[PDB]
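> Residue-level listing of the chains:
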Amino acid sequence: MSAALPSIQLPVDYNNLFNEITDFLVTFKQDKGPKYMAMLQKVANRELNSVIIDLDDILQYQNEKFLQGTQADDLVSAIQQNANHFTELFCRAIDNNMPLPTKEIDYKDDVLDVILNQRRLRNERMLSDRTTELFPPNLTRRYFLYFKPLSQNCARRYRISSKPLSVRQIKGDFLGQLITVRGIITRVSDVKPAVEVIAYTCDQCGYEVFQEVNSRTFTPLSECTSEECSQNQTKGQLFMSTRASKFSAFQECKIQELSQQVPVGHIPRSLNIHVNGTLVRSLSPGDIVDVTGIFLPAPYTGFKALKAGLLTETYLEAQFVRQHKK
Amino acid sequence: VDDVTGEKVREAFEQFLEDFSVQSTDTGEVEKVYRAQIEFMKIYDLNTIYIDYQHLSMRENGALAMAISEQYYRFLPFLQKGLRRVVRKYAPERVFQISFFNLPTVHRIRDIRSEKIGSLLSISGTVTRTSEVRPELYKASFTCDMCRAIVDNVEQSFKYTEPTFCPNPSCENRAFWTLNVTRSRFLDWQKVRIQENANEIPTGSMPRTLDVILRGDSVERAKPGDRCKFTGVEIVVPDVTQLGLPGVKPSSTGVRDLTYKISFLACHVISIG
Amino acid sequence: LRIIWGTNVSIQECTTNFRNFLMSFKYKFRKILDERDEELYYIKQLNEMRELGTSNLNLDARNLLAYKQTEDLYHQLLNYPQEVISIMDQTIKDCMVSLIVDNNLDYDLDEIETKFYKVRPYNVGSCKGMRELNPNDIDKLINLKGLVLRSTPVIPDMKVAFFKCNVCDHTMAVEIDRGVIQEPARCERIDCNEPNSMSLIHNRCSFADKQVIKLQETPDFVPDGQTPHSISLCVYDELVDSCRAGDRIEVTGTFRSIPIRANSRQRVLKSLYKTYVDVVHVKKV
Numbered sequence: 001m002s003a004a005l006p007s008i009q010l011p012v013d014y015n016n017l018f019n020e021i022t023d024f025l026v027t028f029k030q031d059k060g061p062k063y064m065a066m067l068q069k070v071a072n073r074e075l076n077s078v079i080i081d082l083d084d085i086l087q088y089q090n091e092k093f094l095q096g097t098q099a100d101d102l103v104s105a106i107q108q109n110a111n112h113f114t115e116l117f118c119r120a121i122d123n124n125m126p127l128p129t130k131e132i133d134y135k136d137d138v139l140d141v142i143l144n145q146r147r148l149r150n151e152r153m154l155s156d157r158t189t190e191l192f193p194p195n196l197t198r199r200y201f202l203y204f205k206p207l208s209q210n211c212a213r214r215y216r220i221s222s223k224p225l226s227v228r229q230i231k232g233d234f235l236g237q238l239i240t241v242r243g244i245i246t247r248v249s250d251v252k253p254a255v256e257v258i259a260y261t262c263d264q265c266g267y268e269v270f271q272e273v274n275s276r277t278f279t280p281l282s283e284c285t286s287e288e289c290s291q292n293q294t295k296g297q298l299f300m301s302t303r304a305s306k307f308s309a310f311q312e313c314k315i316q317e318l319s320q321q322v323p324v325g326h327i328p329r330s331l332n333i334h335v336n337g338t339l340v341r342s343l344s345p346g347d348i349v350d351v352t353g354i355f356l357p358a359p360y361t362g363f364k365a366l367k368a369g370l371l372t373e374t375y376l377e378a379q380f381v382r383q384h385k386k
Numbered sequence: 103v104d105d106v107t108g109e110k111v112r113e114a115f116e117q118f119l120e121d122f123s124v125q126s127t128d129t130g131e132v133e134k135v136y137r138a139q140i141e142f143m144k145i146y147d148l149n150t151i152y153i154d155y156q157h158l159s160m161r162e163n164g165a166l167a168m169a170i171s172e173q174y175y176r177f178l179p180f181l182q183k184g185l186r187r188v189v190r191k192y193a194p260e261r262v263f264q265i266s267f268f269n270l271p272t273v274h275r276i277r278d279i280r281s282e283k284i285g286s287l288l289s290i291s292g293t294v295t296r297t298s299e300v301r302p303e304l305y306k307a308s309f310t311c312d313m314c315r316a317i318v319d320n321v322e323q324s325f326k327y328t329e330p331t332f333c334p335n336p337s338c339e340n341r342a343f344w345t346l347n348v349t350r351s352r353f354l355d356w357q358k359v360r361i362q363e364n365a366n367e368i369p370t371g372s373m374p375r376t377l378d379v380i381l382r383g384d385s386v387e388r389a390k391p392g393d394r395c396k397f398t399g400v401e402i403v404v405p406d407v408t409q410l411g412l413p414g415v416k417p418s419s420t444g445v446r447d448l449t450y451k452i453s454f455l456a457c458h459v460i461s462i463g
Numbered sequence: 177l178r179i180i181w182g183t184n185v186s187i188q189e190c191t192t193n194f195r196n197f198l199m200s201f202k203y204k205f206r207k208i209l210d211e212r221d222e223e224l225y226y227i228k229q230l231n232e233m234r235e236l237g238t239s240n241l242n243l244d245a246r247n248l249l250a251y252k253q254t255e256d257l258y259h260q261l262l263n264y265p266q267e268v269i270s271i272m273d274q275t276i277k278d279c280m281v282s283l284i285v286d287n288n289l290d291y292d293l294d295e296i297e298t299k300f301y302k303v304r305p306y307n308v309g310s311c312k313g314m315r316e317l318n319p320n321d322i323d324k325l326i327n328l329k330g331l332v333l334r335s336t337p338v339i340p341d342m343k344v345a346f347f348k349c350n351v352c353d354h355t356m357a358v359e360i361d362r363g364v365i366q367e368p369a370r371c372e373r374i375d376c377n378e379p380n381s382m383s384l385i386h387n388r389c390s391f392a393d394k395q396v397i398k399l400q401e402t403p404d405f406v407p408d409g410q411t412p413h414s415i416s417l418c419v420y421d422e423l424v425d426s427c428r429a430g431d432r433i434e435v436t437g438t439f440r441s442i443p444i445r446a447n448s449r450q451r452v453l454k455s456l457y458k459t460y461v462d463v464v465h466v467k468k469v
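Chains as they are written, first to last, in full-length UniProt numbering: chain W, 1 to 31, 59 to 158, 189 to 216, 220 to 386; chain U, 103 to 194, 260 to 420, 444 to 463; chain Z, 177 to 212, 221 to 469.
Take these hints with a grain of salt, some might be off.
If you want the ones that stay clear, here's a sample from chain Z, every Cβ over 12 Å from chain W, calculated [what the hints assert, rightly or not]: (1) 190; (2) 207; (3) 222; (4) 231; (5) 247; (6) 259; (7) 316; (8) 327; (9) 329; (10) 335; (11) 380; (12) 389; (13) 395; (14) 418; (15) 451; (16) 466.
Facing chain U, a subset of chain Z residues (Cβ under 10 Å, in silico) [claimed, not checked]: (17) 275; (18) 302; (19) 306; (20) 334; (21) 340; (22) 360; (23) 377; (24) 450.
Hints are computed from structural coordinates only; laboratory data are not their basis. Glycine included, C-beta positions come from ideal geometry on N, C-alpha and C.
The shape of chain W in the complex, shown without the other chains:
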C-alpha cells in the first residue's frame, strides 16, 4: 500500500532462484546414480530422517556452469545473507521430486504411520462425496534439513562462513547469517516435547482445524468455524488431541568463552542455543566444541515492561556440530 508500509525495491530477486534449486536436486551428475537420488529414497524408504545437505556441493555446481555455458546468479553468497528463507523453500523443492510409495506401508517402524494414511485417505473421502482445504505442507515432512560450512581448500582457490569467531566478536549486524563459534558448553537442560503443528477435533462436524506455531507463544482457537456446523445456531465444541499432531525434540544450553580468547579486562559472556530436531542429546557439558548454525533474534514477549529494545535475547539455532577429543 501507499504512504505507509511502502515498497523498497531490492537488487536481489527471488523469482528465478527457485529453478536453480530444482537443478541442484536429483538431476545431478557429479556424484551410477546421483547422491541426492538414493539418499532421498532411503529416507523415503523410512531408513533415515535427517537429510544433511552439504554446502560445498553448491560451490562446485556453480563452477560447472560459471564461465562454462550460461550465466547464473550466486547462491552461496545468497545463503550467507538470508540463511533462513532458504530452509522452508529448499524443502519445498524436495516433496515434488520424491517418490512416496517406494517403501512398504507395513506395520510399525514408526508410530502415526497407519493414522496418517487414515488422515490422508479421509481427506480424499472428504473431497469425494461433494458434487477444498487439505493438510498444511509443513505438517507432512518426516525429515529435516541441515547445512555444513566450508573451511579447508575451496575458499583459497577463487575469492568465509567457517571462521572460528569468539563469542565477544559477534556484532549486532550478524543477525540473520550463518556463523561458527567455539567455547565450553555449560548448564545444559534435558529433552522436552515441543509442538509445531496442532490438531483439534470438533467432535460433531469432524473437520479438524489446524494452525501454525511460533516460539514461546501460541493462542488456542475459538469454537468451530467449519461450514457444516456453522451458519446455524448449533456449533460444535472442539478439543485438542495429542495422538493427531506432530511433536519434536527440543533442548537448551549456554556457551561461555574458551578462556584463551578472553581479554585481560572484561569478564566472559554467554549465548543461548536451541537445538531442534534429531540432533538431540548429542552434546555434553564441560568440553570444547565448534557449533555452527543460523543466528536470529527472539521475538516480542509480553507485559510491555522491558521492551521496545524488543528483548531480542540473541539466541542461536544449531545446524551441525564438530567435536574435539574424539
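Given the coordinates of chain W, assemble chains U and Z onto it according to the supplied hints.
Positioned in the frame of chain W, the structure of chains U and Z alone reads:
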C-alpha cells in the same frame, strides 16, 4: 422428590425427639429427656442441643441414621426447620445448632478419601497453631439503588456475594457484595491445624495434616496440644493458591479455573486424652 | 466391520479370544524355559477373586508372546494403552457371568456383577528411564525404575458435576466426560422463561481421589553429566498411600503431555509441554 423425602426425614426427626429414647426408669432418664433438655436451655439460652447418635439408631434400628450418616449435608436445612416446628409449640432473637456425639468408630487422617463428602465421621488428632476468633457473615442485608434495603434472603453461601432477583429499583441485577451492618447476624469461628497422633504412625516421614473449622459455640475449647474427637462433615473449599503441580483442572466455559482441597467442619468437640 | 475411527482397534464380537485366552494357557510361557504347574494360573485366581470382589488383577502379561492369534492385541496394547484396557474391563465383568450361568447361583443371586473391576498389567519389556524416552512415543506402556522423593496429600477430582438455579425448581446434574465441564442456559421448570443464572453447588456432587508423587529415577550408565531427574506421577484411587518416601519402585504406566498457562489469567498458552506418567500398576518395593 428431595422435597418429599426431605420432609420424611424432617417429620421422623420431629417425631423422634417428641418421644423418648431412654428405657431405664426410676433411676434418671424418665419421660422424654429431650423435652427436659429444652427447658434447661430455656432458662440459660445458649442455643444448642447435645443428642446421642446411638439413641437415634436404637428406635428405628438404623432406618434413619444411615441417611444421616450418608447424606448429612443436605438435611441441615430440613433438620433445622423440623426442630423449629417443635419449640414454637413449646417456647415463646434465635438461631439453633444441632450437635451430635457418641459415634461408634474413630477414623484417622490417612483414611480420608473423597467418597465421604457430605457424610458424618469422627477423627482423632493433635491440635497445633490455633488462630483468633472472628465474625462470619451468614446472613446479609444488601440494598440497591432505590431506597428499599430489603435484603434478608439469598447468597448466604461461601462466596461473599449479594442477590440477583427481587429488584428494589426498576433496574436489573446491578453491582453486588454489600453488607450493611445495621441488620446482619454474625456468628464466630476460628481455624486450627490438626496433626496425626504420634503413637499410631509408622517410621517418621512428616505425617499429613488438615485445617478444621469450629463454628458456633465450640470456640476456645481446643487447647494447643491435646487430643480430641470431632463431628462428621467434610467440606471442600474453593481456593486460588494451588499452583505448581498441575493436573486436569476443568475450566468454566469471566474465565476462572477451579482448584479444590479438603477442609473439615465440626459442631461438637470433646477433649478425650 | 465398524472399526473405531481414530483408534484402529477391532470392534466387539472380535475380542472374544481374550475369553479363550483366559481359559486355555498351561505350558505356553514355559516353552522358553524348557519346563525347568500343569494347570493355568488364571483359573485359580478367578475363583478366589469373586469371593472378595476387590479385583486388582496383577497380570504378569508375558503371556501374549506365546499363544495362538494373540500377537495382534499385544501389539495393539502398547500402541493404544487406554482403550483396550477399558474394553477388557467389560470382558472381565462379562467372564464372571459365564460361571454363574453354568454353575449354581452363588452370592444370594447377585451383586458382584455390579462391581466394576480393573486390570493392572505389567512387564511390557524394559524401558530406559527418562533420558532415553523419545517424545514421539507418547502413549506406550513404560517400565520405570527409581526412588521416591517427597509426596503430596490427596487432591479431589470432579467426576460428576451438579447445578442449580436461583429459582427453587428442579436441580439436575451433568457429567464432565472431558477436560472441561459445560453448563446449560435454560432449565426445566425453566426459571423465568429461560432467563436465569446457573449456580454451582459443589459439595453435593461426587468426587474422585488423585495424588501426585514426584519420582526420582536413577540415570545409570552415566555420560558424566548427571541430573537427579524428577518425573511426576498421577496415581489414582486404588493405589493411593502405597508409596512411602525413600523406596525404589518399579512402576508401569502410560505417558502424557498437557499444555500449561503463561499468566494463568489470560487465554494464551505456553508452547513447550510438560510430561507426567499416569501410572496403572505399582509393583514391589
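> Can we trust that residue 389/Z is non-interface, i.e. its beta-carbon lies farther than 12 Å from all of chain W?
With a cut-off of 12 Å, residue 389/Z remains clear of chain W, as the shortest Cβ separation is near 21 Å.
> Is it the case that residue 329/Z keeps its Cβ farther than 12 Å from each residue Cβ in chain W?
With a cut-off of 12 Å, residue 329/Z remains clear of chain W, as the shortest Cβ separation is near 18 Å.
> In terms of Cβ atoms, is chain W entirely out of 12 Å range of residue 451/Z?
At roughly 7 Å from the nearest Cβ of chain W, residue 451/Z sits no farther out than 12 Å, so the non-interface label is violated.
> Minimum Cβ separation between residue 247/Z and chain W greater than 12 Å?
Since the minimum Cβ distance to chain W is about 21 Å, residue 247/Z lies beyond 12 Å and the statement holds.
> Classify the label on residue 466/Z as holds or violated, using whether its beta-carbon is more than 12 Å from each beta-carbon of chain W.
holds (24 Å)
> Say whether it holds or is violated: residue 395/Z keeps its Cβ farther than 12 Å from all Cβ of chain W.
holds (23 Å)
> Beyond 12 Å from chain W, beta-carbon-wise, is residue 190/Z?
holds (17 Å)
> Taking the closest pair, is the beta carbon of residue 207/Z still more than 12 Å from chain W?
Given a closest Cβ separation of 24 Å, the condition holds.
> Compute the least Cβ-Cβ separation between residue 418/Z and chain W, then decide whether it is above 12 Å.
holds (15 Å)
> Going by Cβ atoms, does residue 335/Z stay more than 12 Å from chain W at every point?
Correct as stated: the minimum Cβ-Cβ distance to chain W is 23 Å, above 12 Å.
> Would the hint on residue 377/Z stand, with a C-beta cut-off of 10 Å toward chain U?
violated (14 Å)
> Taking the closest pair, is the beta carbon of residue 222/Z still more than 12 Å from chain W?
holds (36 Å)
Hint compliance for this structure: hints 6, 7, 15, 17, 18, 19, 23 are not met, and every other hint is.
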